[PDB]
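Complex shown without one protein chain; remaining protein chains in place.
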Amino acid sequence: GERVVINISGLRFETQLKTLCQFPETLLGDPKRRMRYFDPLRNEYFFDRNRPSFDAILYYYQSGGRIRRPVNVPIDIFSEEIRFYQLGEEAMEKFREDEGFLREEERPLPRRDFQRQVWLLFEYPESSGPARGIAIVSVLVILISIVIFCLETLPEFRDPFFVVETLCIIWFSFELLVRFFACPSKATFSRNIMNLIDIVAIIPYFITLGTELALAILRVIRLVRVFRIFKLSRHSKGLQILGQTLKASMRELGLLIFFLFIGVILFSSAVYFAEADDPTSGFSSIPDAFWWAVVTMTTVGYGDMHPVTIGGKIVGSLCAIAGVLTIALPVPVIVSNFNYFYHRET
Amino acid sequence: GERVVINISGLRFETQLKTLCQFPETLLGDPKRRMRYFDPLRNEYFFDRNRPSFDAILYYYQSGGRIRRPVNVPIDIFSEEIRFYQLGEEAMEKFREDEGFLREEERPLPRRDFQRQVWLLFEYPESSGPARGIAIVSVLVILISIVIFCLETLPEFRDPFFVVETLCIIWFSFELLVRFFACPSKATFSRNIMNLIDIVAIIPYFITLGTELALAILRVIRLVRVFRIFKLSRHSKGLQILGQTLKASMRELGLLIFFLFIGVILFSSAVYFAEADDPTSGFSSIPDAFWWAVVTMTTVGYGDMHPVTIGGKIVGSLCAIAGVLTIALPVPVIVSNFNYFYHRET
Amino acid sequence: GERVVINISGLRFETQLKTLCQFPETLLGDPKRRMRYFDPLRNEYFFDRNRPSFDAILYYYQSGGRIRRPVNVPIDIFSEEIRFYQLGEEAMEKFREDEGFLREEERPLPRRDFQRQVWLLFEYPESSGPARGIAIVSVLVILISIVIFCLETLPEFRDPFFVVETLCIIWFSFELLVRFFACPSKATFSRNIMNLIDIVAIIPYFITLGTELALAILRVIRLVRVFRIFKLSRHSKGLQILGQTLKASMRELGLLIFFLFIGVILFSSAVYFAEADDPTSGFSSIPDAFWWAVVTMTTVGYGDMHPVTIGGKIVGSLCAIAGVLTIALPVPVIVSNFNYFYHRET
Partner (left out) sequence: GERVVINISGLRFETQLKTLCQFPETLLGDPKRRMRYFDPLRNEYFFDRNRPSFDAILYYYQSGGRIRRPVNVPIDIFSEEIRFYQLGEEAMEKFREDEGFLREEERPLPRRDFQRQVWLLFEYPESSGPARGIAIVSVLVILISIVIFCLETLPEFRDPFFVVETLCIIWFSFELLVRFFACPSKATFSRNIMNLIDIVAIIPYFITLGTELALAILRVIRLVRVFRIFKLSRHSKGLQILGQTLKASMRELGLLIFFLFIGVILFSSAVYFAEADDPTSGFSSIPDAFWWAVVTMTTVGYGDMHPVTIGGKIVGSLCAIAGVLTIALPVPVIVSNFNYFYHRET
């Protein structure tokens, strides 16, 4: 039933020896490290230190390791108070996990001299000079492949285009093979999103050459060749934050599309029933005002043609207001996700 | 005039025995449960516990049951401190009512073996496999009734449509009767909004069949058949949150419509008086610029036709600014109501 | 050099007798009211009370009347602690002036039996039944005068209109005379904004009748007859909050108009210089793209006609982005003013 008096510069605390011996790897736990500060006469351990920090430290032992920082104590002061009390790296990364920093992982490096040099050359551009050369050459090759895609579909042209496209495909396949064979773990390579993007960027050229030298299919292939824009996400950090934002916000995008569908059916029905007994109106069905309701609710504008009645113009006024209301509701959640993932960098 | 000294790990509190005996059902109220911690020599009750939590607990007795959590104490720590002090379930749900959680109701179940099984089968879809089957069949029947409504009004057609519509009405009436006759309390059934929606979804078919086998009326009936979209609110949780948001925000919607009316009258008057002495302008009245002012203030756009004078274009510039200002003012209150009801789920 | 020990339920405070006698109208100031709580043996004044509240109360005397509420003490608890300490109504309305409530004025009533009855009948509608009758009759007369204004300017008509307009003017002048002759202070009557609005609502009828029974002038008079919409601000509380918002935000409205002017001159110059060597473009001057730049920056839309070059479409893309940026900057300050004046009601 022995007690112990800990005096943090005038603010006197008291507890049991069991609570101090529950963590016998800290400053106050072992009976010899804390006799550094013991005063024989006053029977107390005088720590000329910080007082709100010590009431948080004393709660950590009582809570059996549950941790929190008081709201009136700054992070650096509390950090070096944890360090002074030598609570433990367990308690330190508990405090980090509690505050919410993502400082937990360090990705490995290949176990050889040759692999380490080519993997750090082709993967980490901040290292060397040749690394920045590979980065700038890669961004330029991606940009000219986009230009070749759009110029292919111009009507003055429809071969130099096949030669430029096959040079771009040679460079893409070359750096994909070099990145694959120089990686540390091949089990991780078929889980990165960017390596899947590079594979889908080089596939349709090879299947076109195969079936060409051996309706919906060829339209799918000509629209799947547009996924070479997403090869810029390796060199752009705002695009990676945009992908993280869009993955964290999938319920809000579904709600946006669902609310717009409900409003389009409702206001198309209303404007068609308001303009049926008028032979000079343009709405001939309810599936004919769908596009008018979409461009009125989003505020793009349908052009000169307008409802022609009085009830149709009252319905159009309500459609223009209701779209602003409908769209403005799930969008602050998506911009909060963006602000979170974006300022997480600092 | 006896005092009592309560020592929360060094932080010494003092009060009267009357204040402790005012709640004689707690830990400190009865004279035998709190002699667990009484120290005979120091004449104090040593609780090796949390200090800001205890100043809140000591205030609860003094305030005669008024409760609050200090701003520097987290909710779980204060919750188990209330639990340790055994303040009472009265004090615990007072603390819950103070913080503002809606954890108060549990809706009943029918008092029989048969009724409980069919009511939980047709009302709670998360229970069983047949429950999810009934849910998916119901959503599919609602969707094909919407498709039948719009395809009915196409002009290439205007019978398979009557057969599909009467099958949909048979399913709606069947599940309405099964939900009605299997419910616990029939006094609650004519107060849910969704049961009223189901009744209005099946009424106009039956009154059309009745008066057909026995202007504004038939137009009202053909526009009241569109309320089958709101039968999706039973299966969608975002739509229920949208209804709660729109009911909590009825003053702000009235202010939005009132501000837009004031602006439409004002800017229509101004643009007509700016373009009266010009024979090539299109505004022939003040009730002819109402629609131009609506689409300019909302930013939809009126199309190619524009004011034709210099004063008319100065008035149009001010209309385009004033609509943004007018609309942007009552909308943050509606999106705060949405964020409240939406994150209330977690 | 006498000290005094004040013991707030265990938390011991200490000060000088000079600091307590500096306010000798309070509980601790006079030497007989505070001997209610003095303990002769322990030489202290035991107040079984609230501890953070007492450190704020002890600071009030030291600061010579400067007051503040601690951030960890709620408003009702601190209010009744001020009341318990009987600091003074001076200190109580200092605390109210510090927190920022507008509970300071009570507007007078006429000093007679007859004047008090007609002034409360015609000014305060929440009193009686005839008061609500006068309110509803007034709103209906204002609404039919607005309808008469717009129907006057229709072209099928251009007398019942003169009879309806002269009945509306008789009612406006009647209630203006009754409100003027029944008011308590006639010095305040020519400072309310609403009485000036009523005078401007009845003036142009009388000057038209005078000069008619005795270009810019008559156009000014026909546009000054539109100020009868603002007679609804007496019966509407959202419109009064809108007027307070617009008066508090006059620097931000000037910045909005100035930023839009800078952008219109800049992008009109750029699009004209990008499309000068092309005979099929529509911009013939820099003062001919002013209206295109206004409707592109505000997002209303100019219609089918578009820049016709490549440099003109690059300039148009930048105009569409820059308007969103320019407009979005001074608008959160205006909506914060609105939220302040609007939630000030509760």
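A, B and C label the chains in the order they appear, each numbered from 1.
Heads up, the rule we're going with is that contacts are C-beta pairs under 8 Å (C-beta built on N, C-alpha and C of every residue); 3 or more make two chains touch, one makes a residue touch a chain.
From the options A:137, A:226 or A:310, the residue with contact to the chain not on display is A:226. The chain not shown here is touched by just one of B:277, B:278 or B:304, and that residue is B:304.
Chain B meets the missing chain through residues 299, 301, 303-304.
Remark: the residues of chain C touching the chain excluded from display are 5, 12-16, 19, 55, 58-59, 62-63, 68, 70-72, 255, 258-259, 262, 265-266, 269-270, 272-273, 284-287, 295-296, 299-306, 313, 316-317, 320-321, 324-325, 328-329, 332-333. In the full complex, the hidden chain is touched by chain A at residues 7, 9-10, 46, 48-51, 71-72, 74, 77, 146, 149-151, 153-155, 219, 222-223, 226, 229, 232, 236, 238-239, 242, 245, 256-257, 260, 290-291, 294-295, 298-305, 327, 331, 334-335, 338-339, 342.
By definition in this document, only the chains that are shown with their structure count from here on.
Between chain B and chain C, the superposing rotation on Cα atoms measures out at 90°, rounded to the nearest 5. Among the chains in view, B has its Cα centre nearest the centre of the complete protein Cα set. Within the list A-C or A-B, B-C finds its counterpart interface, over half of the contact pairs alike by residue number, in A-B.
Centres computed as Cα averages put chain A at a distance of 30 Å from chain B.
Contacts with at least two other chains are made by residues 299, 301, 303-304 of chain C.
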